[PDB]
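Could you build all of it, start to finish, from the sequences and the hints given here?
Read off the chains here:
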Amino acid sequence: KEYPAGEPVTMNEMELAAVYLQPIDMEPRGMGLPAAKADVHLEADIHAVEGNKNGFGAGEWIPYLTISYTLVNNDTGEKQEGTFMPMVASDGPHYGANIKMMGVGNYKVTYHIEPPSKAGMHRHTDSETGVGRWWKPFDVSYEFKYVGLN
Amino acid sequence: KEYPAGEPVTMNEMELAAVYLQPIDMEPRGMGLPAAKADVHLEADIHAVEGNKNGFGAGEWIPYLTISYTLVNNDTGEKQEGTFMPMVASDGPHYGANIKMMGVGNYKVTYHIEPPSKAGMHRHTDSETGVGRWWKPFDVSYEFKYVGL
Ligand SMILES: [Cu+2]
Ligand SMILES: [Cu+2]
Numbered sequence: 002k003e004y005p006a007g008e009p010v011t012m013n014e015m016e017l018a019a020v021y022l023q024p025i026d027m028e029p030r031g032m033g034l035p036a037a038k039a040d041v042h043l044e045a046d047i048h049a050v051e052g053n054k055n056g057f058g059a060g061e062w063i064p065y066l067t068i069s070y071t072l073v074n075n076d077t078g079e080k081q082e083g084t085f086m087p088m089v090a091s092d093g094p095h096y097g098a099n100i101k102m103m104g105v106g107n108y109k110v111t112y113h114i115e116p117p118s119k120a121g122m123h124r125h126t127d128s129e130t131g132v133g134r135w136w137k138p139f140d141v142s143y144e145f146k147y148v149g150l151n
Numbered sequence: 003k004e005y006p007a008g009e010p011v012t013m014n015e016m017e018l019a020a021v022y023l024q025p026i027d028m029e030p031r032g033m034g035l036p037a038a039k040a041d042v043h044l045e046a047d048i049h050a051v052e053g054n055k056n057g058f059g060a061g062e063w064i065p066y067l068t069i070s071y072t073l074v075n076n077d078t079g080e081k082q083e084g085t086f087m088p089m090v091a092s093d094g095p096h097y098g099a100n101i102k103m104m105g106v107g108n109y110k111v112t113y114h115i116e117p118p119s120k121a122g123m124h125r126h127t128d129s130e131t132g133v134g135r136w137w138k139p140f141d142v143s144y145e146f147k148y149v150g151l
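Protein chains in written order, with my numbering: chain A, 2 to 151; chain B, 3 to 151.
Among these hints, one or two may not hold up.
To be verified - Partial list, derived from the structure: chain A residues whose beta carbon lies under 8 Å from chain B:
1. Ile25
2. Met27
3. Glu28
4. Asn55
5. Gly56
6. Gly58
7. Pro64
8. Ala90
9. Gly121
10. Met122
11. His123
12. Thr130
13. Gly131
Stated by the list, open to error - Far from chain A by the CB rule (all over 10 Å, computed), these chain B residues:
14. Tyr5
15. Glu9
16. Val11
17. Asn14
18. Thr72
19. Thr78
20. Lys81
21. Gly84
22. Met104
23. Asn108
24. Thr112
25. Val149
None of these hints come from the bench; they were simulated from the model.
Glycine residues also receive a C-beta, built at the ideal position from the N, C-alpha and C atoms.
Shown next, in the form of structure tokens:
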């Protein structure tokens, strides 16, 4: 049971979507909220589309991103902020975190995305094997209605 | 991927090959060997194969690995230790480094490989979407004859 958070959007030759699930157990455990103390596992789903200039083929996961989120309950104004961790689940690698939500309501979440160069991935720059410069850091936002999972 | 280094190995539901090519330029050339001071760019080409239990589909690049190498010129006995960086080129992501070789001859290179957990990748362990435990760190070796480029 996976829940869409807003609509996927394409920016910088990547398709970027936000989704959530019931809370997960992660290894290493003890980092972040345990499933029992969270309402959802929120993810950033990010893959190359056709035309990617940074060396990724269409559909490939984009690794080494640094992603922060700012989550606002629009009904109350209460917010929370954090960073996602890279992880892998049975249908592949993604970025995510367990999240305790802030009640039923209309939410907005914004993901601030930093390119792979900022977490240790290097690019070939020669004419023979090289790729283009990385895109500049950017934001994407999603609006969704949270009603709980049960 | 220009010059194959030995034969690919399939282990831990990954195919692992070594290749080298001419020295390349890297952004921003940080802690690494400049192309003008190197003989080759040596790479680890590592992708999941079918039955991978760690969440990767067939042919997918394995990200977040930590890889070091031990390179031995078997003819002279001279040894070199170093590490690879994650790297993207026109044909996709890989791990590699510019390397100064130790003369022409028969070589062995061993890659020492640590799983994505060491570089900060977490795993779902839940029943519905969880994956198996990571494999333990391991070595893969390649024998090749280096004659220059
Ligand atoms: Cu997740
Ligand atoms: Cu490289």
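Now for the hints, and whether the structure bears them out:
| no. | hint | result |
| --- | --- | --- |
| 1 | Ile25 | holds (5 Å) |
| 2 | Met27 | holds (5 Å) |
| 3 | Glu28 | holds (5 Å) |
| 4 | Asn55 | holds (6 Å) |
| 5 | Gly56 | holds (4 Å) |
| 6 | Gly58 | holds (7 Å) |
| 7 | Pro64 | holds (4 Å) |
| 8 | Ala90 | holds (4 Å) |
| 9 | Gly121 | holds (6 Å) |
| 10 | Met122 | holds (5 Å) |
| 11 | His123 | holds (5 Å) |
| 12 | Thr130 | holds (4 Å) |
| 13 | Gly131 | holds (7 Å) |
| 14 | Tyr5 | holds (13 Å) |
| 15 | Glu9 | holds (23 Å) |
| 16 | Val11 | holds (22 Å) |
| 17 | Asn14 | holds (14 Å) |
| 18 | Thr72 | holds (22 Å) |
| 19 | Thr78 | holds (30 Å) |
| 20 | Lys81 | holds (25 Å) |
| 21 | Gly84 | holds (15 Å) |
| 22 | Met104 | holds (24 Å) |
| 23 | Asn108 | holds (27 Å) |
| 24 | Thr112 | holds (23 Å) |
| 25 | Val149 | holds (21 Å) |
The earlier numbered hints are all upheld by this structure, with none contradicted.
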